[PDB]
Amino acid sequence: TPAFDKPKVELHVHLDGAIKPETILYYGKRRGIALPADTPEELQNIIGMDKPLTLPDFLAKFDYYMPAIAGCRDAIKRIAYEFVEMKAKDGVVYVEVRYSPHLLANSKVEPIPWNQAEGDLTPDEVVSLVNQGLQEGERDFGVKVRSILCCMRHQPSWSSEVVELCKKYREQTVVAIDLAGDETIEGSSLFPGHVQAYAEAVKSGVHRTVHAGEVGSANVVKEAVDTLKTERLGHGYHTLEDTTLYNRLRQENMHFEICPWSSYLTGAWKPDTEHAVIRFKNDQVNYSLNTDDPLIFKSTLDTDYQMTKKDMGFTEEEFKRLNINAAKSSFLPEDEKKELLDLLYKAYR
C-alpha cells in the first residue's frame, strides 16, 4: 500500500481545503448553520468531488462549509491544530500551509465573506489564532510547520494588508505571501493592489509564491515571474505552452508546486493527455508533490504519490529526489533549511 513510506515535505496545501468533516459538523451544529447533510460520511460525499465542475459549482462548496468555521475564534485555532495532526499521519516532517485570513473573519473586512453577519473576529486576529493552533500542533505532533497568507485575485484591496500581516507575524509562523482565487480573471496578476503588495514583499524580505498556469495561460505564469517576482509557482503546468519561458525557468531552477490528483479532479489536466509532471520528471525539473485541498479532493498525500507511482511509473529515487528539492525550495531560514535537508538525506539512506 503506502507508495512512499519515508518522510515528506509539502509546500502547497490550503488550510480551508483541509478541514475534517466532523469538525465542520461540530460547529455547524453548535452555531446553527446547517449544511447539506449531517453525517461525516454524507457531508464528505457532498463536499468531495469525483468529477470536474464549473467555477461556481466549485466555490459553492466553500459557501456551505466555511460559515461553520469563519468568525469563530475557537474554530479557527482548532482547524489549524487538527491540520497539523493530519499531516503527521501522512508522514510529513515539514509543511507550509496557506490560507486567506480575510476569508475567516467577520469584521474589519469588506465585503464580509460567505454571507456572514458582522461580528468581531478581525483578519489580524485570524492570523494570531492560526499561528497558535499551528505552533501547538507542531509542539504536540512533531511536524515542523510554517504558514503563507494568500491575497485573493478578485480582491486587490486586501493585498496590502496581507503583506503587512506577513511582516507583523514573520517567522512566527508566517514565511511568505501567495496569490490565489480565480487566475482567469483578465488582467488580475497586474491589478495595482497585487503588484504593490508583492513589491512590498520584495522590499521587506517576505518570500513569494503565486498560483499560475493551473487553468491560466503561460502568460499568467510569465506575469507571476517577471512582474510579481515570484520565487515558486503554484502548479505552473501551462508553462509548457511557452517553450523559451519553460527553458528559462529550468535554467533558473524555478520550483513548481505540483498537485497531481487536484489537477485531475479539477479538470486542469485532461486525463487523455501526458500529465505535465511526467515531463517535469523527464526533464529533471525542481518540483514538489502536494495535496492542494484533501477535503474537497477526498485525498491524503499518499493519494498523489499512488497516482504518480501507479499511473506514471514513478520510482523511489524520483520521490527522494523531489522531496529534497522541496526542502531546498522551502521558505525557511538558511540554517533551518540545511537542518531539514540533513534530516531527510539521513532518512533516505
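Definition used throughout: the rigid core is the maximal C-alpha set that superposes within 1.5 Å between two forms. Residue numbers count along the first chain shown, from 1. Residues that one form lacks are left out of the comparison. Compared with the form deposited in another entry:
- Core-superposed comparison between the two forms: the C-alpha position of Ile46 differs by less than 2 Å.
- Mapped along the sequence, displacements between the two forms of 2 angstroms or more at every C-alpha, sustained over at least 3 residues after core alignment, occur solely at 50-57.
Can I have the other form now, the form deposited in another entry, not the form deposited in one PDB entry?
No partner chains or extra molecules come along with it, only the chain itself.
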C-alpha cells in the first residue's frame, strides 16, 4: 500500500507541529491547562483538520496545545525524542527539523508566547534540550537528524538571538536558520533585524532557508533570494508568477521545499488548478516532498507521497530523483553529504 516504500529525506517539517496527541494530553493534564478534550483521538480531531480552512482557523490550532508543551523543560526534550521516532516509521534516513526556540520559551522572551506566566526556561536552553532529545532519538531509532532554527516575520527582534543560537550550537544538530510566520506582512523580508540576521548567517557560515511563496507573491520569493541570500525556499509555489525569476532559479539550481498536503489544508493551493509541483516535475526542478505539520494536518510523509502519485501521477523514478536532489540540497557537511547520497544510491536499486 505505501507509496514510496524506500528510504526518504525530509527538509521541511516543524517540531512544534509534530507532537503526539497523547504526549500533549499527558502534559496538559499534569500541568493544569486541560485541552478541548481528554481522549487522544478526540484531541487529534479538534486540533487537526481534514478539509482546507482559513489562516486564523489554522493558527488557532497552536493556541490549543502549545500552552501545554511550551514552558516545561522535559516536555521539549520528549517531543524532540518522539519526533525522531516518528520519522523512523516514515522510513526517513535523514531529516532536518525546524522550530522557533522563542515560541517554546517562558523566560527572557518578550512578548512571552501563548499567554503563559513567566518562568526560567530561556530560549537558549530550549534549543539545547531539543538538541539532546534529537541526538538520543538519532541513536535509538536510527535516523540522521539536524535542526533548523526559525525567525518570525512579525518579531524581528528575536532574529539576532537566532543566528547566535545557530552559531553557538553549530554541529550539535543546528545547521541552518529559517524565516517563518506570515510572509504576508508588508516588507517583512526587508525588516532590518531579519536582513541583519541573515547577513550574519553568511558571515559565520550557517546555512539559510526562507518560507516564501507559499502564500506570498513572487516578490517576497525574490527578496528572500536577493536580500536574505537563501539557499532553499520553503514552498515557493508563487515563484511561478514571475518567469525570469523562475527561469533564473532553475539555472541557479534553487531548491524548493514542497509540502503538497499542507498546501491543501491551508488554502495555499486551490484544487481547481494544477498543483505547482507537477509544473516543477515537468521542468526537472530541484525540489523535495515534505510533511510540514503532521499533527495539525493528521498526516505522515506517506500521506504526501500518496497524493503526488494518486492525484498527480508521480512515478517511482520521480520519487528517487526527488529524494536524491533533497540529499544534495541538505545543509550537511560535504563529507556527510557524500555518505548520505551513497546510501540512497545503493538502496535505490
